[PDB]
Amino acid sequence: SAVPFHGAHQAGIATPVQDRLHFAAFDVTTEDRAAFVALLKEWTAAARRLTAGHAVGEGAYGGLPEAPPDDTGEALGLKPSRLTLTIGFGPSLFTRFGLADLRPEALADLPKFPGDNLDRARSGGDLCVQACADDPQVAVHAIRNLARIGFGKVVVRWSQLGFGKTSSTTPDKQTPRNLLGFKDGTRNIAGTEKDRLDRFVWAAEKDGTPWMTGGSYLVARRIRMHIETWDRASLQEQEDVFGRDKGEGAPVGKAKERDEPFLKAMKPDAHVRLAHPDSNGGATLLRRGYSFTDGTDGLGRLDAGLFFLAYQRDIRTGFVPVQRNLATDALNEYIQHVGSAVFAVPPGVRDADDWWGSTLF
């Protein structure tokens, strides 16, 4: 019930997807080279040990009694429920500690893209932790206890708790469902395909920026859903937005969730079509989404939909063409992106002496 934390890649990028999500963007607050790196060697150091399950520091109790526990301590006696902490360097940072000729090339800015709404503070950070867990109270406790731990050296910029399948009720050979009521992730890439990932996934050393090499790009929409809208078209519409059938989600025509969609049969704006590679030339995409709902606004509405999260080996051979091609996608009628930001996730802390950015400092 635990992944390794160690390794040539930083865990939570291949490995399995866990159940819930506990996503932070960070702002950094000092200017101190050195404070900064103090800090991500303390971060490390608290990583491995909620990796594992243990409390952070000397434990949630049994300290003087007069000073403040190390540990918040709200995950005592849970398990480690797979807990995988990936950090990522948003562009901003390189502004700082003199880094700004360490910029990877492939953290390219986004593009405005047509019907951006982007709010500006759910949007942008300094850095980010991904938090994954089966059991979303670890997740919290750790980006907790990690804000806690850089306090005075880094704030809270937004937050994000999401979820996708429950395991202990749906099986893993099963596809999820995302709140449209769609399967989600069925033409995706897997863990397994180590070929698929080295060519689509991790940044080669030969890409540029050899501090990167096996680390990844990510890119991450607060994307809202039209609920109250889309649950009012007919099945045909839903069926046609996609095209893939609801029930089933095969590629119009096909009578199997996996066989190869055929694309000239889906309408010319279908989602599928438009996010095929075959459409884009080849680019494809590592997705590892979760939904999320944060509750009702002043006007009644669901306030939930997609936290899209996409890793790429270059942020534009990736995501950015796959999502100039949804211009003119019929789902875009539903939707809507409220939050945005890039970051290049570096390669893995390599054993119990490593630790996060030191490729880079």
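Numbering follows the first chain given and starts at 1. Note that the rigid core is defined as the largest set of C-alphas that superpose within 1.5 Å between two forms. First, how it differs from the form deposited in another entry.
Superposing the rigid core between the two forms leaves a single residue from 117, 236, 168, 92 with a C-alpha shift of at least 2 Å: 168.
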Second form
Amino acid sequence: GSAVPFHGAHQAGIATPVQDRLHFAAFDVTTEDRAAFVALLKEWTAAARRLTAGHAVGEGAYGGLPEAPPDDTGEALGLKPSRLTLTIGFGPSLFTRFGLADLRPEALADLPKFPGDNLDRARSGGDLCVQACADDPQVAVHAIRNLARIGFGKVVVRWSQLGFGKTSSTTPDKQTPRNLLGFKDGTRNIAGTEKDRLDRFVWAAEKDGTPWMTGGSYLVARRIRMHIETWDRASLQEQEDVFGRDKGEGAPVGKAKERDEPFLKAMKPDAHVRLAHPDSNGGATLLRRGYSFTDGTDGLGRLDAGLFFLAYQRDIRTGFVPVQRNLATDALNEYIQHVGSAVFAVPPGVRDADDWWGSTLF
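Now that we've seen the form deposited in one PDB entry, could you pull up the form deposited in another entry?
Coming up is the bare chain, nothing alongside it.
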């Protein structure tokens, strides 16, 4: 239940160990005054320093003047930090404002249309986002609510997504979680310890072209519905064929252990692992950090389930795009549908107590 440090060269919440719960929100900016927006960023950074340490924002949740609303809404009182991280990102549409056009990064590429895409524009896009991750879902909701509260009149929430449980791993020494299809998810990811792999595949460099993004990353979010009725009547062999790993151990087909290296030629030509593997993609590698969700029924007598997929990479054009292009023939496509999409530039870390979110851009 400890705290994750808030300051660093990079923002926490990426290479950090994946916490149990997600509350992700996308925001549209509603002010034209760039000075007001910078003031917002400074105030949000100050709140996040309190929040990530387990402190109430402002002057606290009670004890102030009776006739004023309290600074902090109060529902996280007496809770530990719970490994809360807060990660902010800037959407492509933001750079149409405040005179930022010339500063939008080349690596903040718009996604092309992919086959099967059925994207809902209400749950897509966003001028910016905040990814709140914690082991306690009340801690995460409290942080989103209080950021939105502070930004009233300058930002509004466009759409949000709660993940009730992780389906990713940055800690290969810990148990790999399973997604709602019942398969381990996260075996061959990037570990928060693999410093060289993060430099090569995740962190933006100065040489890459955009100096203010040095130390940041780029985020692709995809809301993906699962056809669980269809999946749940498929045979065990069909399910294992679709992925290329067995269901129980999660081992590559033909091998004994989850972490044995896959031998791709033994997998079906349309197996998900075979098609997603860096070797099939010229070395393209992603940091996967997604969460499972369920949002009630579908109105047709079934549960509604899916995966809120999040990938961090050094450059959307050499990471998510080529891999997703190679999944056009994926056998998994029969059982899923992408229904929400958004990309963000995640800026560098807040260096110390005088720094603030987005300072290198603004």
